[PDB]
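Quick heads-up: it's one chain on its own, the form deposited in one PDB entry, in structure tokens.
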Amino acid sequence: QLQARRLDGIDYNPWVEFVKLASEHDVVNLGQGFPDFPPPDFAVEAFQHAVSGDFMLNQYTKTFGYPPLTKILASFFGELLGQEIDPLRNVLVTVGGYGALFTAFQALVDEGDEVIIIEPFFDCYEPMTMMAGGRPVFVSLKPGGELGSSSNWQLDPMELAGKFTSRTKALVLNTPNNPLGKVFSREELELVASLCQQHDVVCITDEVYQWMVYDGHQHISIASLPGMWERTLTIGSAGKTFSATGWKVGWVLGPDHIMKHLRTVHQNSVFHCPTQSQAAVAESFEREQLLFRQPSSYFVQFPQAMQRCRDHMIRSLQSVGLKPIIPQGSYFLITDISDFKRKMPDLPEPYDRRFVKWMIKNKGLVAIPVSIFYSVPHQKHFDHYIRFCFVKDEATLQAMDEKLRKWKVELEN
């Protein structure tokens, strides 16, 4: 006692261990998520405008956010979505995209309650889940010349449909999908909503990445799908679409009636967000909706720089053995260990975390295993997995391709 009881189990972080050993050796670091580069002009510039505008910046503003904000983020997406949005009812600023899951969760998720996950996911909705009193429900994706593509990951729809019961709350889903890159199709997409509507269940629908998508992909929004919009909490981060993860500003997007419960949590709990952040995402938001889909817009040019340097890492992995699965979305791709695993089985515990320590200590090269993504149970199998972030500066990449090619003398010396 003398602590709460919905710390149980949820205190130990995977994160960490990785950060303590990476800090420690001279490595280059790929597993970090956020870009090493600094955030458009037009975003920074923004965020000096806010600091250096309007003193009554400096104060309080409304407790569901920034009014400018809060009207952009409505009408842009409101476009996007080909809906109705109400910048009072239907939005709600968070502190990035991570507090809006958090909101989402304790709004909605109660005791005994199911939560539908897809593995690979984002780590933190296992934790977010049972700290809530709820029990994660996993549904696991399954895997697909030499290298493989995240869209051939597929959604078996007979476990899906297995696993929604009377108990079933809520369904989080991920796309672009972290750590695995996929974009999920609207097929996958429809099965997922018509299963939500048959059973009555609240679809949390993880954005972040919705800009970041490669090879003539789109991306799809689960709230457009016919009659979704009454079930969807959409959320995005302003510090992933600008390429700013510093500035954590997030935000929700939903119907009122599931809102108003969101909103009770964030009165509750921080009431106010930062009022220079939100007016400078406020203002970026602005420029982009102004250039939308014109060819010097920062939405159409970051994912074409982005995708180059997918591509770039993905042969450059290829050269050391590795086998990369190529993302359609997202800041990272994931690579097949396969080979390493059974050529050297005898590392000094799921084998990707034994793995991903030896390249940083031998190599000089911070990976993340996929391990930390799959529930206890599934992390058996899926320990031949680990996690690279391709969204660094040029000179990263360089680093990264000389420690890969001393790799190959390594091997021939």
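Positions refer to the first chain, counted from 1. Rigid core (definition): largest C-alpha set, two forms, superposition within 1.5 Å. What changes on going to the form deposited in another entry:
Once you line up the core between these two forms, the Cα of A22 ends up 2 Å or more from where it was.
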Contents of the next structure:
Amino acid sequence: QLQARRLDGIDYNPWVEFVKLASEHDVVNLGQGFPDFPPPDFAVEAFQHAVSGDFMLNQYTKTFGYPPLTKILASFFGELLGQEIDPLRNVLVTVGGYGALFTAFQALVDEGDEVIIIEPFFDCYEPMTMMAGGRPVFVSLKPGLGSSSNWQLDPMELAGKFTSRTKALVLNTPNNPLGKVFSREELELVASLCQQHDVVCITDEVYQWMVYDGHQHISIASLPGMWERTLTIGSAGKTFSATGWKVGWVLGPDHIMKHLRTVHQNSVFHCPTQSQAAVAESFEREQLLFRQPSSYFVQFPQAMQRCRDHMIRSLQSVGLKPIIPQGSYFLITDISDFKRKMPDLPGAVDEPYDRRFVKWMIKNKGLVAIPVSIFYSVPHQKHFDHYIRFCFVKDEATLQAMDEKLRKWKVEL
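Coords for the form deposited in another entry, given the form deposited in one PDB entry:
There are no partners or other molecules in what follows, just the one chain.
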């Protein structure tokens, strides 16, 4: 055959369809994981500055990162992590969080390695693991209005997934799609098993600043003994509400990072210069206002908490049952009552109910959500088929349009 066998089984990607259904019909798109309002002024101005400043910013910068950006990443996150971070040895700038993940898997995962993934998971973890020759091993959070915090990571289950073949565990907190914010106890559980079995924790923290109800983001790399076995990933797009900038980073110790640098230099070599300058300027702004009321990292999550609360109240009007998230852009609603009363929606054989339900909801109610079964291993999709994911990081006008659709549903319902 023409194509490499590393591509086996990872050519199906359901997002192309999801994005297609999302725009053409007179619909309210609560499926897209990006804001439909502008980034903050200081961020847009930072990018404007980068493309209207030193003309040499139009040319290549340093391979492992624009130095003003690695400098402030190392400064600011070293403070948050309680860690001294070397910008040249412990920081790599990437093409988004997505590229950061890809770089980590290609650096570390080899044929026959096991990778522990926690369900529900951001869907790329599985095919990225597979492309690198890894064997995904799944542990399912146990469902306990419900709260994301009560979805339990069972210690005996998680412990039994660790083997001599375990290379890495992928921890996503705050979690997409569930909105769970991992507690110190849960991180200590993961940390102890990673230390016991000599496993690297790849930790996806792109939603770090999106935490609600006084819950604290805790980075596992800040725990005792974890810096030397953790990679910590962030995203400028989720941090500054500018998802189209596609700038990300990995933080971690040199002995691991050198292998991500090897992947980087043999794949993209440089990231764009001017978006990196914009991101550096943006972090410098937030660092100087850190913990103050006028800082974006205080204002924004407080705003989005109000949007979350609005959506939670509104979706209940139609009998959807939200699970209250403690963080992220997202919440999920249980649709088990609809599956019970309306089981026979059209769909393919072995098509999970939530995919069928979303198609029905888009066409007939004018609302877009994402079926949560895409965030499960295929064998578990039949058992976790009754949730859908909504995004509440939306303009007030959009949430008003959501309420118009919901009011029309209710009278029908």
